[PDB]
Amino acid sequence: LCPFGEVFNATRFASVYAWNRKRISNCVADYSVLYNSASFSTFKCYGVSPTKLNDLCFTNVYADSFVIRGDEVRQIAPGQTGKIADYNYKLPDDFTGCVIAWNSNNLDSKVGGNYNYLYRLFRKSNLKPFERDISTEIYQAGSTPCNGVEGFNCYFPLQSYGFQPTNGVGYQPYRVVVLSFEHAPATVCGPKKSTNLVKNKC
Amino acid sequence: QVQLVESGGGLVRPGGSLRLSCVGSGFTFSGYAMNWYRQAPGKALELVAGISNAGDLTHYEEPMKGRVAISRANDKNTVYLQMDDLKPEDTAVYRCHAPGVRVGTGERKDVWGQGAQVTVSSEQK
Ligand SMILES: *[C@@H]1O[C@H](CO)[C@@H](O)[C@H](O)[C@H]1NC(C)=O
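So the protein sequences, as listed, match chains AAA and CCC. Just so we're aligned: the first sequence equals residues 323 to 504, 507 to 526 in PDB author numbering. The second sequence begins at 1 in PDB author numbering and counts up by one.
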């Protein structure tokens with residue numbers, strides 16, 4: 323069986339700017355657990371049909387995961403705008419996959435504030451499809467150079483998420499998982517289409 | 001100006017000890033919490049230790065949980081990080097952090113340090 327539990331039921335997720343990517347291949351893809359789950363707030367697919375994922379076979383499945391705010395989950399989609407889908411995590415216009423997310427306020431919120439999760443709100447260029455920037459170089463907002471020193475119109479690109487105990491789901495932490503699917509032997513398959521690879525001792 | 005000028009660090013041998021210091025100015029240092037991050041070459045900034053406004057509240061993460069101790073001197077407007085039993089994996093740029101300090105600058109409310117290089121390398125052959 324595919325290792326979805328390793329990425330979905332992980333102890334600690336990464337920041338949106340430093341999104342962790344897993345490679346799911348050569349295994350049975352049980353999408354039943356993903357279907358019959360009332361925990362999942364968002365479950366939207368692009369260029370495919372959620373209801374019929376067991377009726378499909380792909381040669382690679384890149385399972386990207388990270389934490390963002392609830393009001394920023396709408397940005398996680400093809401051809402969008404805003405700090406997240408521009409500086410942190412952008413998808414291609416012709417994207418093929420799904421976007422999963424659930425309110426993780428019970429295990430990513432802290433009384434004093436969870437300062438493990440950050441996000442980049444400053445960038446000279448726009449993040450290319452599936453591009454990742456973990457760099458921490460001083461951003462130039464003004465006309466004059468910074469010279470790697472923080473000052474006027476020159477500041478740190480990263481900003482911490484509050485994630486303090488609040489009542490507003492919009493400003494609460496959400497665990498997002500982007501299952502990006504990919507003329508080659510179809511490795512990750514349904515439980516029926518499985519090309520006798522279920523007994524490979526995955 | 002809202003600033004955090006961190007000092008200390010340098011080169012030590014495996015098992016060695018070091019203390020980093022972060023001095024704060026241009027804001028009430030005792031009014032905001034202090035966090036210690038570290039960035040290893042190639043990896044993303046990870047949280048090491050976090051402390052409270054001026055209280056006895058210290059939170060450590062898995063990375064260095066055991067061989068690190070966070071503390072602050074609000075009288076001297078400074079926060080320290082006592083690192084002992086250092087390993088070669090600890091070789092990284094350690095940064096201080098005070099969240100939600102800046103005001104009237106948009107979502108950019110955090111104030112970040114410059115960075116202190118710490119290198120835990122063994123002797124030469
Ligand atoms: C863990 O397993 C799967 C994830 O692939 C899903 O049912 C859910 O996120 C978790 N379920 C339980 C019972 O922990």
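Heads up, some of the hints might be wrong.
[What the hints assert, rightly or not] The calculated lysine-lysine pairs, modelled on PhoX-like cross-linking and capped at a C-alpha distance of 20 Å, are:
(1) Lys109(CCC) / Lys405(AAA)
(2) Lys374(AAA) / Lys517(AAA)
(3) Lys43(CCC) / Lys344(AAA)
Hints listed in this document are in silico derivations from the structure and should not be mistaken for laboratory results.
Each hint, compared with the structure:
no. : hint                      : verdict
1   : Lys109(CCC) / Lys405(AAA) : holds (15 Å)
2   : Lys374(AAA) / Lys517(AAA) : holds (13 Å)
3   : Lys43(CCC) / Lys344(AAA)  : holds (16 Å)
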